[PDB]
Amino acid sequence: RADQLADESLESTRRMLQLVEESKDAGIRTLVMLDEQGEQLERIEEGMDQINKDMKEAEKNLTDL
Amino acid sequence: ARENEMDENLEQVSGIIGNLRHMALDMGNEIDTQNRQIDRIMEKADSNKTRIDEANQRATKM
Amino acid sequence: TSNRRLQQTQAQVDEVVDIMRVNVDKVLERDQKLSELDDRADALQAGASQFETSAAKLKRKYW
Amino acid sequence: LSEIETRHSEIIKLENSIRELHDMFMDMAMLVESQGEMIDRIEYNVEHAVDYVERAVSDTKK
Amino acid sequence: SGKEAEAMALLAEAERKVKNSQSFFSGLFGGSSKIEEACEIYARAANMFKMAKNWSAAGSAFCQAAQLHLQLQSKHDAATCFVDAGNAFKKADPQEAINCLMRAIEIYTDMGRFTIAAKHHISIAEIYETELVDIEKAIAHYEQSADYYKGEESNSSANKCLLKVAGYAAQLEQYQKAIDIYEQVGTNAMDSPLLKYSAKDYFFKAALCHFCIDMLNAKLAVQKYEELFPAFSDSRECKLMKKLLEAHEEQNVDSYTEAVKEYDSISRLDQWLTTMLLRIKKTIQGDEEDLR
Amino acid sequence: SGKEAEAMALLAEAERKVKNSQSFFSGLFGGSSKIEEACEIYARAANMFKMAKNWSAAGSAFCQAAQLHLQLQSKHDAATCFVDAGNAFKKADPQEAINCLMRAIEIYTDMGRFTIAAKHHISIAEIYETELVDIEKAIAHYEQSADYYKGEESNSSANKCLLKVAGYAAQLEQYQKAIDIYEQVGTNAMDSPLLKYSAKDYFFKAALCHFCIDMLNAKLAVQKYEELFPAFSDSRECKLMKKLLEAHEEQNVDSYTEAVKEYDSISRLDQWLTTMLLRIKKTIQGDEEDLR
Amino acid sequence: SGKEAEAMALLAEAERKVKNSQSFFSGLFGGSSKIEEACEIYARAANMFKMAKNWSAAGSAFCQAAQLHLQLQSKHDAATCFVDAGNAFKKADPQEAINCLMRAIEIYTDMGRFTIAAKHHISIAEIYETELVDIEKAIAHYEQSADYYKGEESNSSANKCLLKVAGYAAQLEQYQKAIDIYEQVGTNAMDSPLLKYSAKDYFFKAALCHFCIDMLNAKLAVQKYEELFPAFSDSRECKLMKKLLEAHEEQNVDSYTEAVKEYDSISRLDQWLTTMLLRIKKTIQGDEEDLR
Amino acid sequence: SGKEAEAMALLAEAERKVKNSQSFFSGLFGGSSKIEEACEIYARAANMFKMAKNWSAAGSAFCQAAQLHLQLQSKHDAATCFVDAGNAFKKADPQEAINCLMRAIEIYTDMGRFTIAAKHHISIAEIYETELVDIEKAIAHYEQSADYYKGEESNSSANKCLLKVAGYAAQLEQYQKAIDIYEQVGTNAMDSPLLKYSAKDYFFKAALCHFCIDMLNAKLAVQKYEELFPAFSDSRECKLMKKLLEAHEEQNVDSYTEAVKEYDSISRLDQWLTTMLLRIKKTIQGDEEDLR
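Protein chains in written order, with my numbering: chain C, 1 to 65; chain E, 1 to 62; chain W, 1 to 63; chain V, 1 to 62; chain Z, 1 to 292; chain G, 1 to 292; chain R, 1 to 292; chain S, 1 to 292.
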């Protein structure tokens, strides 16, 4: 039982890091993926502006219409 | 060699969690910047719809 | 190396869950913020595609 | 006996803790990519409507 | 709410747009429209009910406003306010919610956007899960919606739809359908760096779907076929749960609850996975009465 | 700042838009407007103060510019610069901040967008928490804002609003209100794969709200009702903290600090949870003086 | 599907736009166009096939509709429906998919947007990886696409493209090319707080690329150069795997599988990293036959 | 690159827009403009260099195109192509990069958007950190940019700017400035549920900034002031590192490296934190030579 507990603890502590080295690569995957969405979110902010300003002048030119 | 590797794993496990919190802490911050960053896009894409919707009838009746 | 240095990690993983107990809330809200921004920024196209089209229809008596 | 039966039955509480932690990242790393395609279908969708107004802004001032 | 039901819905929101000059007139103008004036004054009219939280009378004014652009034959300008009734009637009569959203779909079909349509095919299916509980109707909405996501290349977001059509089909005894979805998800999950550690969750559901009345005897033929590609899904103990469950399937049926006692402790199972094991636990007692 | 207060606010930003030709003229033109010219030259005028960091004089020029579009009766074009005064007066007189944002809301109400309105109902409530400390006024703004999010289907982002209206109502002795919010959050939290492991945090606050003067004796009736649905929230020791606290409620009142000594060490409690236990710790000494 | 192939593709979608009045006429009008009428009726025509899931006949109608705006010389209005054929022919003949997307690129080139172009240079490369398996053609598409991302400042999203052009070049024996990409990624990864703990994954691939036939003897000269900047990448055991592999490179070649037995257990290696070690394992047996 | 430098930059991109009919003509037209024609043909001209990767000749054509709209006095159309030169000259002469971006700022100042301006005040500061290494000039750009973010309510994204202006000021011996930023960040960090566990990382830098030549003797007065609000930042051992460092400051100076030997192992310190301890390690040897 005592020796067995130690043995049990071996396959405990083996899968313990194998659960938590495993938590690390998903932790680093989100950080690559979240920062990659930042420049996805950057293009929309810049785009929305030009998405608004160039578009915006046309509203000023409505008096011609 | 048995209680050694229990330490030698929980030495290197605590060498992960001191990094694993670290990397999860920026993830708790990187989203917060983006939540503000979508929020600038949010009301502006709400305005840009409303401006054009004013301008559609100003190009429909025109 | 013993019970005490385990209870460093035992309290430390308790912080990581908490920290992430905040983090699942922030990553959820932006989900529904974009999924509604889908309908805004695609009605923006059909608002703008209908617009020009009516300004392709407004080019009369140009000569 | 009792010097590790007290200890190892508390180690199982640590692995029961990380199993709660592990399923939360994989749901999160699912959910970011599950959002990572909604952020694509905005991106080129904006790149559509930029040009429809860019085609509009040259024509409207005429 | 908000100064007496927002002026008692603005005193029926400017006398229910009446005195619209018949809402039809061909004497003076032949090339003008007061119908376009009737758009905003009657779309604002629907908006005042949501301040007064009268959702039942809200969407009733959206639909005729949506009929108004359909009367003016502007397509997209009608569609975005059908959904404003469909968003309105969710906290109201849901049968009026689902068909108004259904009327909103066919405008988006021939518009050029299926993403918006697939978003509402799961929105109509949200109503079938919560209020008007009719599961097999929701199956055809999810199965239709996943066809749109696959048509628009979003293979990641297709699965979040396509899991639930396999999820609800499991307790509806449509296994051989649903056993292919979990297979085609998991085969298309192991090949990516994303979803790779999520993939072992699917095959455990997939092998669980091999328990119709059949192939629990050929569970070995299941798991050797599950051995085949993903290297035992790097041999997670979730599949080792099934491995001891194989020899369990013959004798010692009391160890079934013992097998999950060492699994529900380490991972709290949900109400889906509880019932699927419990329906196996009913069928495994047929082996108990055979032993007598 | 930036070349002498940005040219001393551009020398009062082009002589305060005076010589606008009376800003009203009906002799030459009957179908034109110099008011539209007065928009940009006076919206740029407000912008120059933010370069000089004179926020008090900034929003004073936004509001008349916001009045200018209201004078031109263009609705949306006024609303987006009321908020530019409301963003301006936050680092200024906050009573002028809140009502200008309040004037910005009613334009967005009958516009068709409550998302923008609910964003500012919590922005006005941000001012009530920080500078003009009036908590129960902020309660009605959060409670109004959550009604908009539920009206626009965002059940996830409604809660982040709806927690704080239950959060501040707790120390304002409005428990039986707030005890329903934590219940309706947590009942609507256990049903989802998201928020499931967050749900145990809510019911611990919910059971904590059962300590008005009453139902600490019926704490057993609380926790058996909390046993009922979520399987003890898979039996977190945070609820086991309450379980030993039940038998604590009769005798041995010194063990209250001992019960949190083994809990604040494992999880550093915040200033909200500190006071809620401490107000129980006051009431539990009423059981101490009863024992005498 | 959907009422008999959507009315058998709407009975060939209104008689294949025939009776377009020759689709060319200069008698009555010299300043009008029925071609603009032929746009929507023939773009809707392509849309009806996707309801009937006839993707092969779908994009055949997009391309002439894309030719139609090219006939009307409106540039952008043609480009967004070439890609609707390019999205169509992916579940069809892929050689027709890639060149129609290739024809869509040159409109976006002289338009002012390379982001859209770089998105399709990896979309065309997605087809080269899955269906028309031609790896070195996909290399030139990724290498071209990363030039667009670097031209548009997105240094983060350039790498996700630029890894795969280094990834596929590794098994194509183009190491000295690919050994510079992993170096220039990792040198530009250590300098940022984001991607710092990811950077050790790259240099392990980079040192792995020093195994052409050469510089496994100068592996010490590799790793001392890898010592140089990033402080052993804070000395991860993934580099310590290479450190024991250095003295392994001379003798005891059976310990190669032993060295990864203690590494595949702690971290399940993928099929890329498996083959790269296995091709070293072939070359290390040349040291075994030298020992004889 | 791309068919011989993109037709050798399109054979100087259509003869350098010459034969523009003098680019000025008042004979025929008095109310027309060929300058507007000269916009796109010369903005496309700058675009062809980025295909040929000639960034030095690229932005030289953007700036006159940006001068073009300034010649046409059109707001919002010159500014977005100054930055296209500013993005161009980053892989070129950086002194031409920074001032063209600087010329782009003043258009965005009186436009109504400081978010765009604060994004480029850190973009110009990115150049000062990497190529034209002049740190104290970058200090005034970050300090100006954080004033814009605080003016536009983004208190979260202000800090990511405002840390670096405190970060670079630390090694520039501007502590008493930078000691207030880390204090005002951390005081405004403990009050939020976000950034709360990040806040202990700031005060450790803040107490580290109390080592000018002074207040290492009053380090106790530092840390008791750091005791005061955030409850020892729930007593992280990172502050306990400073606690044993207090009694270290008198004697046993060899234990300084011993104190970080038990800290660099548990947490790999960066090159910022290395030098700040090392400059203390120089000053602590002044206590060693006092002991002699």
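If you're looking for bench data, these hints aren't it; they were derived computationally from the structure. It is possible that some hints are incorrect.
Below 20 Å or equal to it, Euclidean Cα-Cα: the simulated SDA-like pairs (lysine to any residue) are [what the hints assert, rightly or not]:
(1) R:281 / R:214
(2) C:53 / V:13
(3) R:261 / E:8
(4) S:53 / S:115
(5) G:19 / G:54
(6) R:160 / C:40
(7) R:282 / R:173
(8) R:282 / R:231
(9) G:239 / W:11
(10) S:282 / S:266
(11) R:53 / R:7
(12) R:150 / S:80
(13) C:56 / S:220
(14) Z:3 / G:261
(15) R:219 / R:238
(16) V:13 / Z:198
With beta-carbon atoms standing in for the labels, derived distance ranges [claimed, not checked]:
(17) V:10 / G:247: 21 to 29 Å
(18) S:244 / G:228: 16 to 24 Å
(19) W:11 / Z:287: 44 to 52 Å
Far from chain R by the CB rule (all over 10 Å, computed), these chain V residues [as the list claims (entries may be wrong)]:
(20) 17
(21) 21
(22) 31
(23) 43
(24) 48
(25) 51
(26) 55
By construction, the Cβ of each residue, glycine as well, lies at the ideal position given by its N, Cα and C atoms.
Please name the hints from earlier in the document that this structure breaks, with their numbers sorted from lowest to highest.
-> Per hint list: 2, 4, 5, 8, 10, 13, 14, 16, 18, 23, 24, 25, 26 violated.
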